[PDB]
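This document opens with one chain alone, in structure tokens, the form deposited without its partner chain.
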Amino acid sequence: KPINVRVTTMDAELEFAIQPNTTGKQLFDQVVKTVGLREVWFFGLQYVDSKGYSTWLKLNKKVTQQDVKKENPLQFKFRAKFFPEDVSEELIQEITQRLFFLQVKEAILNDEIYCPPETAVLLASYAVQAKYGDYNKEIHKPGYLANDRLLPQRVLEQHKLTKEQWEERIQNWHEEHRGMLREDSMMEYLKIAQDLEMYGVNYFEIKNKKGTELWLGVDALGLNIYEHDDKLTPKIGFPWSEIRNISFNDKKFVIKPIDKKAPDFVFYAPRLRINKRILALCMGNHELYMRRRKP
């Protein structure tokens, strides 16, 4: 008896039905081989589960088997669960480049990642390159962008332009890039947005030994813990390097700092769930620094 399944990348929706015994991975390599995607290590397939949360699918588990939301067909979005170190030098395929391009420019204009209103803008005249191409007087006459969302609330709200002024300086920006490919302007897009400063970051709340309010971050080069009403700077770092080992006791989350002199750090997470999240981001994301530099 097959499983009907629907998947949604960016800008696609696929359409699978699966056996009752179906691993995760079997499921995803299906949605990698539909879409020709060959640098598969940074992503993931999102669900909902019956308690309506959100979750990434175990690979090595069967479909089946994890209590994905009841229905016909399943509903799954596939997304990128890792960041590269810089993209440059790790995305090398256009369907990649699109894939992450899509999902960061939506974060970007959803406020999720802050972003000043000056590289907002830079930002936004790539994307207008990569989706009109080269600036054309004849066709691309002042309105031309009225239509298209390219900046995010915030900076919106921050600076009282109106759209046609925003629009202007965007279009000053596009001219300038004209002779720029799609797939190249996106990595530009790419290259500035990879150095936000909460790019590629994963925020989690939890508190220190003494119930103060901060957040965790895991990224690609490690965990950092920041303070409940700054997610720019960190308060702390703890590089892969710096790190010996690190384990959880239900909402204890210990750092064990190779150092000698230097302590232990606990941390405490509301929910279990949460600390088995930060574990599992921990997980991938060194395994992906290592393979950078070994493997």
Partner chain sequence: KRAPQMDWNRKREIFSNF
Given for the second form:
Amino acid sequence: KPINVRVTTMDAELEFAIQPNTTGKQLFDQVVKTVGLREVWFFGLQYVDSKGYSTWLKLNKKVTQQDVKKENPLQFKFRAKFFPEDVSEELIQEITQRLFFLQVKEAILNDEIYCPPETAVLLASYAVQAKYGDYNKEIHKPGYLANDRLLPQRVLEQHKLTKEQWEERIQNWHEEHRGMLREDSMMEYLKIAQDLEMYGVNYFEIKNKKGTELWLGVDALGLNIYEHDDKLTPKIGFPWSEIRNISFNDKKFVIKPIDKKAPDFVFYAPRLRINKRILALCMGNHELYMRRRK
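Alternate state requested, the form deposited with its partner chain bound (shown: the form deposited without its partner chain):
Partners and other molecules omitted; one chain follows.
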């Protein structure tokens, strides 16, 4: 009474104040009012608890009842928790497109989403077009990208190419985007991004009966299972349309099919905190899958 609050979107900082009574939903609704967002289903608020773990904020609960890291002001991240099946059909608003664009790019650059070198360079050139506008000989002299985080660290490491050489490659691509608007630029970035194998999938360390470490990916299209050393190749898939119920108890997940004659799929996951999030992503992705088909 009153508690200071800071929420960052990918491009802005917002300062608010809340009461001990304030629910997540209200703080969340404030953000979307300030940001002018209409496709709210994709997004959520993100915080650090007293332990130090990143957590999604529960909306139907009070904010001061969720053990947010005690500090002045309280820190939040407005971010996408769910991803569209296709960006062209589902990102109608400008701001929406912008927010997705900046988040995905950050994922690329921080090496959260795997991206090969040639595709990375083409992604960079769109982020350049979006930021610098039309290429211009007089303005964009050799070296104008020296102060830009353009390529992922993986790509810079995996070559014998120098700094300015990568920059020459991006420039060459930039020149060719000579007609493109900022809106179009961000979308082309996203259209290429969305087809990277690691795009829009949450990864979770899981186990089989033998205790073999594996990966479980939750995405828009359903669930996937990966080799522990290959996050790019799905080995077993469960499309949402084939699932009936997902639940967990302690450390064990049960997935029941629609078939009803088919057997339950079982796997294991270590921490309870992660399990809550796994559950939440499943329900949310399943919901949006169905809504797109009603």
